[PDB]
Amino acid sequence: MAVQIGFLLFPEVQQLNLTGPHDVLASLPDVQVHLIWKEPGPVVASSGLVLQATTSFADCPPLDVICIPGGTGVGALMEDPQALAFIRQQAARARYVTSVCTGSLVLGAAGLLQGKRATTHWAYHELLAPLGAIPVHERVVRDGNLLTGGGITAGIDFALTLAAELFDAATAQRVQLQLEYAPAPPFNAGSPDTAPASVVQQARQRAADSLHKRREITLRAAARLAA
Amino acid sequence: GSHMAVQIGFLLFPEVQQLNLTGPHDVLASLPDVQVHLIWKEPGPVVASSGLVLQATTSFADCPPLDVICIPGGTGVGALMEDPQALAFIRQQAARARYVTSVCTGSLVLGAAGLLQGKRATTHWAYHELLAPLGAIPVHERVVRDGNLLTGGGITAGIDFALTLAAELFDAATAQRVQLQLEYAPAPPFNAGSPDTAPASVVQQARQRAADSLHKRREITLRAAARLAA
Ligand SMILES: [Cl-]
Ligand SMILES: [Cl-]
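Listed in order, the protein sequences are those of chains A and B. For the first sequence, our numbering begins at 1 and goes up steadily by one. For the second sequence, our numbering begins at 1 and goes up steadily by one.
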């Protein structure tokens, strides 16, 4: 009767993608939250911060919510057959299938974006269509029971939506007030539509080698789905 | 053109509200000339208030002199406000840090360390009455700056002030690049993050739920204030 919520925790994850929604969802009644990898134990995020997986794939309980974070480590995941199989198996019966940042590219490599509206991190957005998605340039995109968010803390925001659907709006509002979640960034450069032009160009340049590498990974992942 | 590292340290204590720390950590760790640290008595596991396990990277003694110190909040603050070794470390680092910062009830720890005397500061809304006994001038704003002190009450206030720190340590374009590279653009689906905007029933239940903790924390705060010299 507890709601089972699971985050995939993989090497080189962007940890805030996971830790943001974790702190929101773990505050709810009647929830048990899991950090899933191939075995329990330390997993190093892209920043070097060390997290602890709490369960192996095989020992994870059937999940009501699955959440795939993004980060540097996504490229490996997109070609990891054991991880992709776990994600597919959980998604087949989960109430909610979710991702943050380039975690949606992992859902895509698993075949779970076929014909679905979805978003990802803005620098990699061109990789959605080859994975079968209908690309949408919005912060949180919902298609049926699929929720994808692009930005680093998009999971915090969609976690509050999930709280309201799993429980009720008053429960989501209570968590927001108890945590005093009231963001107010001091700059307006969180979207390529609003950042200075030179900032867009430099951010793109810093992502270019990763995007080039992920283009080839994405093409291979798409070809494997077709074959 | 300097690439001298900015040493940025977060105090990682048992029963921390982990997002207070993990938010600004991921923002600041994305900068090429930042070195971040997670500090406790020893390196090793530290369990957050949710049960999520974090890992301290350095003891107090082995921590390099910090340029930024950040104290998070959470259930564990009550113990920390009467932890002499931790408070001494905070004072020593604050004395030579370019910026002294806190999130949520981390400012009550700064207060217990004697660092809020006569300073404008904020904390989590449910505990805001505990600032004045620690010498602070209480201010009800999301992020409050006084000299080199920055305090913020909300769970992710450190994400927001991390961008301010990036702009002052480096330049505005660098802060904007962080924000875009991480695509940080929050848009909450509810407007209940303040007692001034949440539904009345929600405020009532949150205040009732916090009452026991406020009562105990007031007792702790009074002892911590008594220990402050003079
Ligand atoms: Cl607290
Ligand atoms: Cl975001």
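Be aware that a few hints might be false.
What the hints assert, rightly or not - Label pairs and their computed distance ranges (CB to CB): (1) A226/B / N145/A: 30 to 40 angstroms; (2) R220/A / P84/B: 55 to 65 angstroms; (3) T194/A / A5/B: 46 to 56 angstroms; (4) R209/B / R95/A: 44 to 54 angstroms; (5) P32/B / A58/A: 47 to 57 angstroms; (6) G147/B / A184/A: 36 to 46 angstroms; (7) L228/B / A92/A: 52 to 62 angstroms; (8) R207/B / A226/A: 18 to 28 angstroms; (9) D209/A / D212/B: 50 to 60 angstroms.
Derived from the structure by calculation, the hints contain no laboratory data. For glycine and all other residues, C-beta sits at the position ideal for the given N, C-alpha and C.
Structure-based check of each hint:
no.	hint	in the structure
1	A226/B / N145/A: 30 to 40 angstroms	violated (56 angstroms)
2	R220/A / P84/B: 55 to 65 angstroms	holds (58 angstroms)
3	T194/A / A5/B: 46 to 56 angstroms	violated (30 angstroms)
4	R209/B / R95/A: 44 to 54 angstroms	violated (27 angstroms)
5	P32/B / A58/A: 47 to 57 angstroms	violated (40 angstroms)
6	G147/B / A184/A: 36 to 46 angstroms	violated (21 angstroms)
7	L228/B / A92/A: 52 to 62 angstroms	holds (59 angstroms)
8	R207/B / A226/A: 18 to 28 angstroms	violated (57 angstroms)
9	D209/A / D212/B: 50 to 60 angstroms	holds (54 angstroms)
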